[PDB]
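Number of protein chains: 4
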Amino acid sequence: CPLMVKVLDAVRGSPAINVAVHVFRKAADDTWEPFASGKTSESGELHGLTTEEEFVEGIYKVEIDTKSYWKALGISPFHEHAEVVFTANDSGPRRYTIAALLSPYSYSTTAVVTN
Amino acid sequence: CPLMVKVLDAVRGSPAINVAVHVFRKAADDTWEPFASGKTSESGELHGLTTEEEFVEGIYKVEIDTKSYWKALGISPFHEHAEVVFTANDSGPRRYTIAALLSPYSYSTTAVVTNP
Amino acid sequence: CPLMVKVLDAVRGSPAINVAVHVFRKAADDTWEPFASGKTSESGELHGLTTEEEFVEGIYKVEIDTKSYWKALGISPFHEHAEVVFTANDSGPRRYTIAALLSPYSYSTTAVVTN
Amino acid sequence: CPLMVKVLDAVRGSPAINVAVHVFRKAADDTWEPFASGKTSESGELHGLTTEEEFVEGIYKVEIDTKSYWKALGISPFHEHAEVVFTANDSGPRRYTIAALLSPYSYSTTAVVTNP
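Chains as they are written, first to last, in my numbering: chain A, 1 to 115; chain B, 1001 to 1116; chain C, 2001 to 2115; chain D, 3001 to 3116.
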């Protein structure tokens, strides 16, 4: 489990469930090559995106479809999406948790990186 | 300003208007002594709390009545209030902005501290 | 497990380990009566603070000793502590996770409340 | 301002000074067209990006070079940048402040949107 995404809802005080998440790797022509995707579970989590062997050093983008989430809840959002862009494994393979906290007009994102 | 408080509403993307703010300073006997109070303006700011002279070294507490703000909008929020507790002017006078960003079940707070 | 506290470090990108956490209940004379305490684990979590039967409706305060944490890391902090004050169980017993994300001059706190 | 960007440093409790910001607008063929750029001032603000006339309806992207900011301070941060993507002026002209609060392994961003 090298990469996990966790999404929380600051309005309802709950996991953000059924949020679409797309993961991309930066290709050698600086285009984003899509890589993995899924929807958050009932606990707001998305596991199983990639494997140790596949998740090589590179620049990755995680795109979280916040706008659809807020629309599904009948709440007007500001952002198209929340994007998180980071270089992976620069000092060795790590386990990455990308956590995002969502409000309609704000979001925060944090990485929890462990050995 | 020696002390300013700024409050934003993360649901609406707006200043949080008419939010009550109470400031306290810790006394020599460790109680909380009322220091100043006010409410946020149309810009979500509260100015004029104190003066450089009055704002001496000490531990201050800023209590933002976030509950009453959300209740007035129909929302039953998680938090009773947002409180920010800090030592001020330990290395000489500084200007403090206390910013809070409010959601029903979350808040964040940040300090910007500048040397005049 | 009616009440859990989770603390993350935004500087290091890690759980906040060995952070002291005190929990209080508001007494009938409006004083804070201390109630439970502990230190966060290696995963930044604190479990086992209270039981279903004990965690009755009331106003609770969770005080997280951020200042000691930052001092232990040799980083100058702004806040004395992060406090979270909330009324519990107003519509029935819930499971409460209090999550805090720490930076030296900022913190955020969110509640994840589930049935 | 039709568009202002404000950046704060959560480690130091200060404005984030000299942070590069690039703004893009999505074209009719779905590419990202350069729109404006600048760097934050001593107050951590960037003004003068656009004008009411130029800032028409569309999807905009604000990319804040947070990596270079942290690297200059000796820190290897998590994020390459902070990017904020949003539809602007969908219901008529509005004033947008995009605020970002930066930590090495975290950032938050908020929009304050006002009607002149």
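Just so you know, these hints were derived from the structure itself, not from any lab. C-beta atoms are modelled at their ideal positions from N, C-alpha and C, and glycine is treated no differently. Mixed in with the good hints there might be a few duds.
Claimed, not checked - Heads up, simulated BS3-like pairs for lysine-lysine below, C-alpha to C-alpha not over 30 Å straight-line:
| # | chain 1 | residue 1 | chain 2 | residue 2 |
| --- | --- | --- | --- | --- |
| 1 | C | 2026 | B | 1006 |
| 2 | B | 1006 | D | 3061 |
| 3 | D | 3026 | A | 39 |
| 4 | D | 3067 | B | 1006 |
| 5 | A | 6 | A | 39 |
| 6 | C | 2061 | B | 1026 |
| 7 | D | 3071 | A | 71 |
| 8 | B | 1071 | A | 71 |
| 9 | A | 39 | D | 3039 |
| 10 | A | 26 | D | 3026 |
| 11 | D | 3061 | A | 67 |
| 12 | A | 61 | A | 26 |
| 13 | C | 2071 | A | 39 |
| 14 | B | 1061 | D | 3071 |
| 15 | C | 2006 | C | 2067 |
| 16 | A | 39 | D | 3071 |
| 17 | B | 1067 | B | 1026 |
| 18 | D | 3071 | A | 26 |
| 19 | B | 1039 | C | 2071 |
| 20 | A | 6 | D | 3026 |
| 21 | B | 1006 | D | 3006 |
| 22 | C | 2026 | C | 2006 |
| 23 | B | 1039 | C | 2039 |
| 24 | C | 2067 | B | 1026 |
| 25 | C | 2061 | B | 1006 |
| 26 | D | 3061 | A | 61 |
Stated by the list, open to error - Computed spacing ranges between beta-carbons, pair by pair:
| # | chain 1 | residue 1 | chain 2 | residue 2 | range |
| --- | --- | --- | --- | --- | --- |
| 27 | D | 3018 | C | 2002 | 46 to 56 Å |
| 28 | D | 3031 | A | 56 | 20 to 30 Å |
| 29 | A | 95 | C | 2002 | 54 to 64 Å |
| 30 | D | 3072 | B | 1113 | 39 to 49 Å |
| 31 | D | 3030 | B | 1073 | 33 to 43 Å |
| 32 | A | 42 | B | 1074 | 48 to 58 Å |
| 33 | C | 2090 | A | 42 | 20 to 30 Å |
| 34 | C | 2029 | A | 57 | 16 to 26 Å |
| 35 | B | 1095 | C | 2002 | 40 to 50 Å |
| 36 | A | 54 | C | 2095 | 34 to 44 Å |
| 37 | A | 58 | D | 3114 | 38 to 48 Å |
| 38 | D | 3031 | B | 1092 | 49 to 59 Å |
Results for each hint:
{"no.": "1", "hint": "2026(C) with 1006(B)", "in the structure": "28 Å, holds"}
{"no.": "2", "hint": "1006(B) with 3061(D)", "in the structure": "26 Å, holds"}
{"no.": "3", "hint": "3026(D) with 39(A)", "in the structure": "26 Å, holds"}
{"no.": "4", "hint": "3067(D) with 1006(B)", "in the structure": "28 Å, holds"}
{"no.": "5", "hint": "6(A) with 39(A)", "in the structure": "10 Å, holds"}
{"no.": "6", "hint": "2061(C) with 1026(B)", "in the structure": "19 Å, holds"}
{"no.": "7", "hint": "3071(D) with 71(A)", "in the structure": "38 Å, violated"}
{"no.": "8", "hint": "1071(B) with 71(A)", "in the structure": "24 Å, holds"}
{"no.": "9", "hint": "39(A) with 3039(D)", "in the structure": "37 Å, violated"}
{"no.": "10", "hint": "26(A) with 3026(D)", "in the structure": "20 Å, holds"}
{"no.": "11", "hint": "3061(D) with 67(A)", "in the structure": "15 Å, holds"}
{"no.": "12", "hint": "61(A) with 26(A)", "in the structure": "8 Å, holds"}
{"no.": "13", "hint": "2071(C) with 39(A)", "in the structure": "39 Å, violated"}
{"no.": "14", "hint": "1061(B) with 3071(D)", "in the structure": "34 Å, violated"}
{"no.": "15", "hint": "2006(C) with 2067(C)", "in the structure": "16 Å, holds"}
{"no.": "16", "hint": "39(A) with 3071(D)", "in the structure": "34 Å, violated"}
{"no.": "17", "hint": "1067(B) with 1026(B)", "in the structure": "24 Å, holds"}
{"no.": "18", "hint": "3071(D) with 26(A)", "in the structure": "21 Å, holds"}
{"no.": "19", "hint": "1039(B) with 2071(C)", "in the structure": "34 Å, violated"}
{"no.": "20", "hint": "6(A) with 3026(D)", "in the structure": "29 Å, holds"}
{"no.": "21", "hint": "1006(B) with 3006(D)", "in the structure": "14 Å, holds"}
{"no.": "22", "hint": "2026(C) with 2006(C)", "in the structure": "22 Å, holds"}
{"no.": "23", "hint": "1039(B) with 2039(C)", "in the structure": "37 Å, violated"}
{"no.": "24", "hint": "2067(C) with 1026(B)", "in the structure": "17 Å, holds"}
{"no.": "25", "hint": "2061(C) with 1006(B)", "in the structure": "24 Å, holds"}
{"no.": "26", "hint": "3061(D) with 61(A)", "in the structure": "15 Å, holds"}
{"no.": "27", "hint": "3018(D) with 2002(C): 46 to 56 Å", "in the structure": "48 Å, holds"}
{"no.": "28", "hint": "3031(D) with 56(A): 20 to 30 Å", "in the structure": "28 Å, holds"}
{"no.": "29", "hint": "95(A) with 2002(C): 54 to 64 Å", "in the structure": "29 Å, violated"}
{"no.": "30", "hint": "3072(D) with 1113(B): 39 to 49 Å", "in the structure": "21 Å, violated"}
{"no.": "31", "hint": "3030(D) with 1073(B): 33 to 43 Å", "in the structure": "38 Å, holds"}
{"no.": "32", "hint": "42(A) with 1074(B): 48 to 58 Å", "in the structure": "27 Å, violated"}
{"no.": "33", "hint": "2090(C) with 42(A): 20 to 30 Å", "in the structure": "24 Å, holds"}
{"no.": "34", "hint": "2029(C) with 57(A): 16 to 26 Å", "in the structure": "60 Å, violated"}
{"no.": "35", "hint": "1095(B) with 2002(C): 40 to 50 Å", "in the structure": "42 Å, holds"}
{"no.": "36", "hint": "54(A) with 2095(C): 34 to 44 Å", "in the structure": "35 Å, holds"}
{"no.": "37", "hint": "58(A) with 3114(D): 38 to 48 Å", "in the structure": "40 Å, holds"}
{"no.": "38", "hint": "3031(D) with 1092(B): 49 to 59 Å", "in the structure": "52 Å, holds"}
Hints 7, 9, 13, 14, 16, 19, 23, 29, 30, 32, 34 from the earlier list are contradicted by this structure; the remaining hints agree with it.
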